[PDB]
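**Student:** Each chain is listed here by its residues.
Protein chains: 2
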Amino acid sequence: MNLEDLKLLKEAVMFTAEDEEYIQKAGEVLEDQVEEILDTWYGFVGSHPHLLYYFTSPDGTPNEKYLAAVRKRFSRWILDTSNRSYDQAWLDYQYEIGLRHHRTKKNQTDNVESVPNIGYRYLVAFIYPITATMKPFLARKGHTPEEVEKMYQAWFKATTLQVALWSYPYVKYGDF
Amino acid sequence: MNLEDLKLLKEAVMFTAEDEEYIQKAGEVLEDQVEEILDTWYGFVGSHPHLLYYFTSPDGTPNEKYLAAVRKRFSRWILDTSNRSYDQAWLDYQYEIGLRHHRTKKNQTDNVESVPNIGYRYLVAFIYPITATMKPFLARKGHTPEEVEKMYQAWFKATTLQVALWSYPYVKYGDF
Ligand code: HEM
Ligand code: HEM
Numbered sequence: 020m021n022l023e024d025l026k027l028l029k030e031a032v033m034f035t036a037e038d039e040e041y042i043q044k045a046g047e048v049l050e051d052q053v054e055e056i057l058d059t060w061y062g063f064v065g066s067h068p069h070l071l072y073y074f075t076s077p078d079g080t081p082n083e084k085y086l087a088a089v090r091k092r093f094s095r096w097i098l099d100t101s102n103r104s105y106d107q108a109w110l111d112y113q114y115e116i117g118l119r120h121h122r123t124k125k126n127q128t129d130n131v132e133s134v135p136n137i138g139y140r141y142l143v144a145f146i147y148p149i150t151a152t153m154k155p156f157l158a159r160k161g162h163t164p165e166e167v168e169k170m171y172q173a174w175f176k177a178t179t180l181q182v183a184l185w186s187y188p189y190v191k192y193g194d195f
Numbered sequence: 020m021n022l023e024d025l026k027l028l029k030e031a032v033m034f035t036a037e038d039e040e041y042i043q044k045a046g047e048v049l050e051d052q053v054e055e056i057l058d059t060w061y062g063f064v065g066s067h068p069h070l071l072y073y074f075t076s077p078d079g080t081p082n083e084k085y086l087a088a089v090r091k092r093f094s095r096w097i098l099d100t101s102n103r104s105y106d107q108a109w110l111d112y113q114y115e116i117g118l119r120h121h122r123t124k125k126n127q128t129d130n131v132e133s134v135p136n137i138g139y140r141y142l143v144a145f146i147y148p149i150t151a152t153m154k155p156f157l158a159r160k161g162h163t164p165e166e167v168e169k170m171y172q173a174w175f176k177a178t179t180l181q182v183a184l185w186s187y188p189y190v191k192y193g194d195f
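These protein sequences, in sequence, are chains B and A. The opening position of the first sequence corresponds to residue 20 in PDB author numbering, with each subsequent residue numbered one higher. The opening position of the second sequence corresponds to residue 20 in PDB author numbering, with each subsequent residue numbered one higher.
Calculated directly from the structure, the hints in this document are not laboratory data. A couple of the hints might just be wrong.
No copy is singled out in the list; a pair is fine if it fits within one copy or between any two copies.
[Claimed, not checked] Under the rule of at most 25 angstroms between Cα atoms (straight-line distance), these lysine to any residue pairs were calculated in the SDA-like manner:
1. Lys-26 - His-69
2. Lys-91 - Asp-51
3. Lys-154 - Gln-107
4. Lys-44 - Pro-81
5. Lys-26 - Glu-132
6. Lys-44 - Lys-84
7. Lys-124 - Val-190
8. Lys-44 - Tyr-85
9. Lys-26 - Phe-156
10. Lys-29 - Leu-98
11. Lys-154 - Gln-43
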């Protein structure tokens, strides 16, 4: 996609200049608390065997080196999402994040042997737990509940926007 | 999909028996305000030419009979989502709703001529506006702010859960 297509997708998730201010604020509050955000996030993935599965070795046990490498890139993604203006380099990388969940690129970044593809049903599903994970963190620090709501809404839009972008390599050609 | 697989998907959106109580409450609140919801929902769609596009005749003008027919089924959907328990018949219908946004069955239920396919990027994107539309209505029936937030979160889960199920015909065979 280019920036014209992005503008149309942003309109569909109701993402505006107001959300670019509040996603920067969310980022500020989240970057503060990244270590326990990560513990929360991997604790949810880790508590369901059918989810933890996508990180496992052939023998069905978690590949700890894979989990470690991914945790680092997840923590970087929290900051990337929080910036003032999504540009073409950002868009190009969103494609890359989707290719990495999909069989096209999964397991190549870390050079691991793991399951070949993340079922698309779960990438969509994960919009919810991603927003649910951040919510209590956004509510910490020192902000009003009205500011907290706008940060949370901003976060929800950005996550939805991104997953829709990540879905490209999964979708039958011409149906995206 | 069978009910075993729906259970795993419900786990991925954090949908539990607690969400079953509050989705029913959310449905109670929403159905008594349905006509207002529908006008709000179709004002959003109708206000963006690139979204209104999906309801238009080849000559570019909105098919009014198409819009009227879809609006009645969308109305049933608000109620169907608030069921006690999602059963096999419910699951089978979700496949159908997905087929109908997709080129597979689009335009066939109302026997209309319109654009052949809704691009998948927007089905994911609409998770946000769907939840954003419902939110002020859930606060309008004299429930505690705690129950309002619980109804809102359950709506968000059920919406995310359904779109994931509707993705099936759009996803490359074997990657779902
Ligand atoms: C809302 C949905 C999701 C978000 C926001 C998210 C976030 C991310 C991020 C930021 C990365 C690193 C991308 C990079 O290389 O820079 C990643 C990779 C990864 N995620 Fe997700 N993720 C989502 C869905 C899922 C699901 C459903 C699973 C299943 C457990 C999963 C498991 C993985 C795995 C195994 C990788 C490594 C892929 C590889 O080998 O490169 N993710 N995710
Ligand atoms: C969260 C996302 C969405 C939800 C919850 C939703 C809801 C629904 C429902 C309940 C129906 C009727 C299903 C039935 O036949 O019983 C429907 C059909 C339809 N929707 Fe959506 N929708 C979504 C995404 C979209 C998008 C992005 C568009 C683009 C404008 C759209 C436009 C249409 C059209 C044109 C139909 C008629 C399809 C046909 O010819 O049968 N929907 N939708």
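**Student:** Against each hint, give a clear statement of whether it holds in the structure.
**Tutor:** Hint check results:
For a Cα distance limit of 25 angstroms, the shortest separation of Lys-26 from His-69 across copies, 11 angstroms, qualifies, whereas the shortest one inside one copy, 36 angstroms, does not. Proximity of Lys-91 to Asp-51 under the C-alpha cut-off of 25 angstroms is restricted to the intra-copy arrangement: shortest distance 15 angstroms within a copy versus 47 angstroms between copies. Taking the closest pair of Cα atoms, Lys-154 and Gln-107 never come within 25 angstroms of each other, the shortest separation being 29 angstroms inside a single copy and 33 angstroms across copies. Taking the shortest alpha-carbon separations for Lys-44 and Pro-81, neither the intra-copy value of 35 angstroms nor the inter-copy value of 40 angstroms comes in at or below 25 angstroms.
Taking CA atoms no more than 25 angstroms apart as the test, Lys-26 paired with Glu-132 passes in neither setting, with 37 angstroms inside one copy and 28 angstroms between copies. In the homo-oligomer, the alpha carbons of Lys-44 and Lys-84 never lie at most 25 angstroms apart, since the shortest distance is 32 angstroms inside one protomer and 45 angstroms across protomers. Taking the shortest Cα distances, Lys-124 and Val-190 sit within 25 angstroms of each other both inside one copy (15 angstroms) and across copies (17 angstroms). In this assembly of identical chains, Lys-44 and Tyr-85 lie within 25 angstroms of each other by CA distance neither inside one copy nor across copies; the values are 31 angstroms within and 42 angstroms between.
Neither within a single protomer nor between protomers do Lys-26 and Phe-156 lie at most 25 angstroms apart by alpha-carbon distance, with minima of 29 angstroms and 28 angstroms respectively. In the homo-oligomer, the alpha carbons of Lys-29 and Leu-98 lie at most 25 angstroms apart inside one protomer (19 angstroms), although the nearest pairing across protomers, at 29 angstroms, exceeds that limit. Taking the closest pair of Cα atoms, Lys-154 and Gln-43 come within 25 angstroms of each other both inside a single copy (15 angstroms) and across two copies (24 angstroms).
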